[PDB]
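*Asks:* Next come the chains, spelled out residue by residue.
4 protein chains.
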Amino acid sequence: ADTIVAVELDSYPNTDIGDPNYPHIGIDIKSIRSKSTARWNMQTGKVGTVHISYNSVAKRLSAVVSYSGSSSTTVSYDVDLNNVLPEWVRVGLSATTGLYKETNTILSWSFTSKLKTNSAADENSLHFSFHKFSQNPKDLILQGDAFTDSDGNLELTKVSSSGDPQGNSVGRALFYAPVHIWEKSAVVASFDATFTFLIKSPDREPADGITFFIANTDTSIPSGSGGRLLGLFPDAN
Amino acid sequence: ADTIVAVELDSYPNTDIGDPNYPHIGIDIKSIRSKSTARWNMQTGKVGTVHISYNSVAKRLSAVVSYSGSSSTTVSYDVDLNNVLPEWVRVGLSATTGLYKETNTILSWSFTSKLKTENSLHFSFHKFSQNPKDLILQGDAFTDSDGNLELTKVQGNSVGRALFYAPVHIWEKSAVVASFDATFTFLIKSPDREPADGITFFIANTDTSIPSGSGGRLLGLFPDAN
Amino acid sequence: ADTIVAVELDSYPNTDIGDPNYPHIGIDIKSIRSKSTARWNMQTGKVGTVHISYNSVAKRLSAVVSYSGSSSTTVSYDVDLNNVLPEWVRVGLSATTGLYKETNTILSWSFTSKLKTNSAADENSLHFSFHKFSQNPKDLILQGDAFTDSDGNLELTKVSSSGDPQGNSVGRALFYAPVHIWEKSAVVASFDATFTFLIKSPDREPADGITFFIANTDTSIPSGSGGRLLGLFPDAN
Amino acid sequence: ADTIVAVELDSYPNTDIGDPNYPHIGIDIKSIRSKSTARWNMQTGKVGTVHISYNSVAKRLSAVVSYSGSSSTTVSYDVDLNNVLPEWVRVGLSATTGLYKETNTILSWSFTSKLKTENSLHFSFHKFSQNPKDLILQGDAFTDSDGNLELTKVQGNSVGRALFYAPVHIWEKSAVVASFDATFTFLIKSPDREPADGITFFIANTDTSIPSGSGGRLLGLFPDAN
Ligand SMILES: [Ca+2]
Ligand SMILES: [Ca+2]
Ligand SMILES: [Mn+2]
Ligand SMILES: [Mn+2]
Numbered sequence: 001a002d003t004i005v006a007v008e009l010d011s012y013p014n015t016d017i018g019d020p021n022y023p024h025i026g027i028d029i030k031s032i033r034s035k036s037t038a039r040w041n042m043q044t045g046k047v048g049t050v051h052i053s054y055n056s057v058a059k060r061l062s063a064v065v066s067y068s069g070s071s072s073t074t075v076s077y078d079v080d081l082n083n084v085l086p087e088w089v090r091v092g093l094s095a096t097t098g099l100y101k102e103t104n105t106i107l108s109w110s111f112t113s114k115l116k117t118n119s120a121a122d123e124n125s126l127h128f129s130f131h132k133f134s135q136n137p138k139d140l141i142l143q144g145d146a147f148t149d150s151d152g153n154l155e156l157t158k159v160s161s162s163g164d165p166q167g168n169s170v171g172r173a174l175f176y177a178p179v180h181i182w183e184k185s186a187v188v189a190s191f192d193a194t195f196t197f198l199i200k201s202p203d204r205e206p207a208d209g210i211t212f213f214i215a216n217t218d219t220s221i222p223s224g225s226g227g228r229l230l231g232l233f234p235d236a237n
Numbered sequence: 001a002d003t004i005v006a007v008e009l010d011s012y013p014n015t016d017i018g019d020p021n022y023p024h025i026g027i028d029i030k031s032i033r034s035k036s037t038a039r040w041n042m043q044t045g046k047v048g049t050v051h052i053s054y055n056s057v058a059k060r061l062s063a064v065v066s067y068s069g070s071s072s073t074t075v076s077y078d079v080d081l082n083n084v085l086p087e088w089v090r091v092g093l094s095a096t097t098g099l100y101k102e103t104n105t106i107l108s109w110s111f112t113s114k115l116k117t123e124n125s126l127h128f129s130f131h132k133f134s135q136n137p138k139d140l141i142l143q144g145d146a147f148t149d150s151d152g153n154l155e156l157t158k159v166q167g168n169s170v171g172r173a174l175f176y177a178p179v180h181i182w183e184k185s186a187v188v189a190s191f192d193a194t195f196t197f198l199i200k201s202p203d204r205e206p207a208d209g210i211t212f213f214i215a216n217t218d219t220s221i222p223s224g225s226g227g228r229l230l231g232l233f234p235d236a237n
Numbered sequence: 001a002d003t004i005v006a007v008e009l010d011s012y013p014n015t016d017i018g019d020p021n022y023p024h025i026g027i028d029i030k031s032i033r034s035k036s037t038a039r040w041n042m043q044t045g046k047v048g049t050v051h052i053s054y055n056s057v058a059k060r061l062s063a064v065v066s067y068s069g070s071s072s073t074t075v076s077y078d079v080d081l082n083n084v085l086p087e088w089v090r091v092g093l094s095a096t097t098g099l100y101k102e103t104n105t106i107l108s109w110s111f112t113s114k115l116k117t118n119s120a121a122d123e124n125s126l127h128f129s130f131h132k133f134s135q136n137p138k139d140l141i142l143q144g145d146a147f148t149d150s151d152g153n154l155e156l157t158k159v160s161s162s163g164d165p166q167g168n169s170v171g172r173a174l175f176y177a178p179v180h181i182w183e184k185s186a187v188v189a190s191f192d193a194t195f196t197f198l199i200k201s202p203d204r205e206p207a208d209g210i211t212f213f214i215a216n217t218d219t220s221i222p223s224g225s226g227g228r229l230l231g232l233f234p235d236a237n
Numbered sequence: 001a002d003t004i005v006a007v008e009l010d011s012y013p014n015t016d017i018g019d020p021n022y023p024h025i026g027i028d029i030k031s032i033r034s035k036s037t038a039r040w041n042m043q044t045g046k047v048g049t050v051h052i053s054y055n056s057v058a059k060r061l062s063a064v065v066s067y068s069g070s071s072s073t074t075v076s077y078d079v080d081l082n083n084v085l086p087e088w089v090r091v092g093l094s095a096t097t098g099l100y101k102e103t104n105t106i107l108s109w110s111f112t113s114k115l116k117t123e124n125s126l127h128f129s130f131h132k133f134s135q136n137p138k139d140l141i142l143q144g145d146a147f148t149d150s151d152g153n154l155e156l157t158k159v166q167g168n169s170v171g172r173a174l175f176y177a178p179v180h181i182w183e184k185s186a187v188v189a190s191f192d193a194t195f196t197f198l199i200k201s202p203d204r205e206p207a208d209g210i211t212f213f214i215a216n217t218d219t220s221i222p223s224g225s226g227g228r229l230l231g232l233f234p235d236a237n
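Chains as they are written, first to last, in the deposited numbering: chain B, 1 to 237; chain A, 1 to 117, 123 to 159, 166 to 237; chain D, 1 to 237; chain C, 1 to 117, 123 to 159, 166 to 237.
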């Protein structure tokens with residue numbers, strides 16, 4: 001729904017809406033046109049790991065991807081997230097395919113968020129961690145094509161019985177409870193997220209990618225957000 | 001009906017023969033008649049602390065109550081909770097007032113749950134927002150101007172509950188160990204010294220709600236006294 | 001050193017000192033003669049996982065072992081650990097081999113301990129987590145034959161360059177910092193531990209096992225504690 | 001020499017031209033001359049809170065100071081700490097007094113460190134034991150009858172430090188992300204309003220000790236003012 005901060009792992013270069021001429025990681029602030037990007041040395045058929053950080057004192061949103069016994073790529077962006085996001089949010093995972101496709105499979109997801117004030121008597125803390133997923137994950141809001149398979153992996157996008165990915169799917173999984181990330185008299189807010197993903201593709205140059213995103217609590221797949229908009233934005237402004 | 005597992009602090013008269021003659025802390029499995037209780041030296045106008053824990057290998061559910069510079073009271077019950085509770089639950093607090101001037105104010109509440117074969126949950130609150138969007142408030146429950154969670158009305168016979176918003180995955184076939192731990196602090200404010208009062212941390216089915224009839228000594232948790 | 005609580009994973013049945021007639025898990029309280037045991041369905045050449053719990057309110061020391069896609073075994077014992085242990089301890093892992101042998105290899109180790117009183121303003125908390133190990137693990141006290149190998153696995157007992165285990169080794173690894181587990185006005189103390197282990201053996205019936213143990217801070221391999229005494233006790237009382 | 005990374009609270013006059021004219025919070029990289037500082041509204045006899053964090057992807061080290069019902073001051077410095085600090089370190093607190101009647105009492109201290117490719126450490130103390138065996142106390146540092154950690158003497168020119176006992180693994184070749192976070196609360200008690208005082212959280216080589224000459228404004232951390 002209308003408000004969106006996101007870390008995007010973007011397999012398919014969509015040049016005319018600002019994407020660099022290669023797979024990339026980027027930080028998206030209220031738009032699909034990453035405020036910052038870094039080359040993403042994608043490795044199809046391998047398990048990748050994403051770490052994401054933010055601290056409201058530092059005011060830096062950071063992300064890393066690496067694969068097992070391989071190099072890593074990092075992207076950063078200076079952003080005060082309380083001038084962007086509501087004080088209460090939902091956190092989620094998003095993925096799409098277009099004409100070109102890919103599995104957008106998630107193996108694990110963890111998230112930690114803290115909110116501190118003056119008195120230690122005034123604060124909150126939230127943590128969740130999933131290694132594989134229930135067949136009816138009742139603490140997840142599954143949106144669009146998102147489903148958990150017979151292996152207990154979370155499939156954000158359509159995959160056939162065969163084990164093979166479909167074109168034109170959107171999926172999203174959001175954690176059930178809203179997260180309190182700012183408040184009038186907050187001194188420090190911070191969050192950390194990790195996920196692991198498996199992207200497989202027959203295709204030359206797969207599509208479209210995965211995000212971790214933070215949104216207003218009532219968020220939903222906006223109509224017309226398929227493909228290159230990754231399930232997040234209604235247009236490409 | 002709801003499926004209930006509770007740890008309660010109870011200053012009501014329990015006029016049933018089995019049960020005790022003083023304020024007590026007790027462990028409730030599916031019924032208001034505590035499977036196990038212990039003395040509770042209930043101190044009005046002082047902040048109290050409850051720690052509860054369970055481990056599915058140890059199959060021992062236990063709880064402690066203390067006040068600062070005070071001594072504590074503990075209760076345990078050997079129980080296997082994966083044969084009592086559904087796989088997915090919601091956790092919460094509840095309170096009820098008698099016919100006294102008294103508050104049930106929650107200053108803090110934390111919870112951790114672990115499910116190993123694969124699943125972890127943790128929340129922690131010190132005071133509460135005016136709009137606690139991650140709490141499901143039931144009955145007379147509201148967060149006050151001070152950021153304190155008032156489970157009951159600030166005369167008596169109020170019932171109020173507060174659930175954490177996400178369901179908790181506490182068991183599964185593939186499970187080797189499930190554990191949980193919870194802490195809360197509370198303040199009963201009252202001009203009386205031994206008012207009739209009840210306050211609980213509880214676990215239940217995810218679609219749980221207040222049963223009509225459940226006031227006073229059924230703690231907002233149960234319809235019968237069975 | 002003199003005071004020892006331990007969860008033992010006992011591969012070799014030593015009948016005449018109380019061992020049951022099979023591999024077992026046991027809780028050892030100040031003696032090698034387990035206060036409680038359960039049949040341990042050992043699976044050589046597989047990664048096993050031990051979880052250990054205690055809570056001073058419940059007064060129950062618990063442990064579980066399982067392997068990957070296999071059944072699990074559990075043992076329990078009602079013990080108030082503050083009548084047994086000092087208020088400050090070191091936590092550790094031990095292993096031995098005798099004439100019969102085995103690798104006693106540790107892949108990960110985590111430990112959490114909490115101590116609460118009246119006021120939340122009076123408490124302590126400690127947590128460590130190792131997945132694989134530095135070649136010079138500076139936060140471990142390595143005792144006897146304990147070493148971290150070229151794979152970053154912790155080998156509590158002697159293994160040849162070949163990859164093959166030697167007989168008559170003792171090893172122990174203790175975490176550097178002492179742990180505060182009780183105090184005059186404690187309301188609740190609790191700890192949790194997890195480790196993963198690989199036991200390989202040519203032998204028919206390997207020896208001798210691995211423990212997780214809690215001891216006085218100045219603990220050390222007592223002389224004459226080899227073999228069946230698992231690196232912990234100086235005799236078999 | 002020792003290798004020092006510190007966050008400091010400083011009320012000494014700093015008479016060197018570059019440096020500031022009021023009590024300040026600052027980030028020290030290997031020298032007493034803070035790579036980055038900010039105003040510190042230093043409230044004597046009120047409990048203060050410091051939060052510090054770092055992430056090796058963000059390469060931004062930052063800190064906040066606040067008092068209850070008060071507003072806060074923050075400081076950041078872009079730095080890569082795997083080029084400044086050894087791989088293994090010891091973390092600690094330090095304080096120094098001037099020529100004033102003032103305490104440097106630590107009420108609480110927590111620390112978390114993560115090293116990912123594989124390594125986690127966390128400790129948390131609210132008050133301290135009479136015999137804090139997991140702390141290495143240096144110089145005038147002792148735990149008092151109230152369980153509070155006094156870094157300096159209860166006249167001035169005391170220096171005192173307290174290290175956490177285990178070494179911390181903060182970097183390695185194979186490392187993808189290293190992060191840490193620390194919090195402490197403190198109380199400077201003094202009959203004066205703006206006494207000359209210094210209090211730090213710091214990271215150093217594991218064999219670190221108090222350098223001679225390091226009194227007052229060198230915070231117990233550095234031998235020179237270079
Ligand atoms: Ca794209
Ligand atoms: Ca044996
Ligand atoms: Mn893009
Ligand atoms: Mn045995």
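No lab work stands behind these hints, which were simulated from the structure alone. All C-beta atoms in this analysis are idealised placements derived from N, C-alpha and C, irrespective of residue type, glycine included. There could be a bad hint or two in this list.
[Stated by the list, open to error] Quick look at which bits of chain B chain C covers, simulated, 3 or more residues with Cβ under 8 Å:
| no. | segment |
| --- | --- |
| 1 | 1-15 |
| 2 | 56-66 |
| 3 | 147-155 |
[As the list claims (entries may be wrong)] For the chain C half of the interface with chain B, some residues (derived, Cβ under 8 Å), not all of them:
| no. | residue |
| --- | --- |
| 4 | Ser-66 |
| 5 | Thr-74 |
| 6 | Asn-216 |
*Asks:* Hint by hint, note whether the structure agrees.
*Replies:* Taking the hints in turn, this is what the structure says about them:
no.: 1; hint: 1-15; in the structure: violated (count 0)
no.: 2; hint: 56-66; in the structure: holds (count 8)
no.: 3; hint: 147-155; in the structure: violated (count 0)
no.: 4; hint: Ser-66; in the structure: holds, 5 Å
no.: 5; hint: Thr-74; in the structure: holds, 5 Å
no.: 6; hint: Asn-216; in the structure: violated, 25 Å
The structure is inconsistent with the numbered hints 1, 3 and 6, although it conforms to all the rest.
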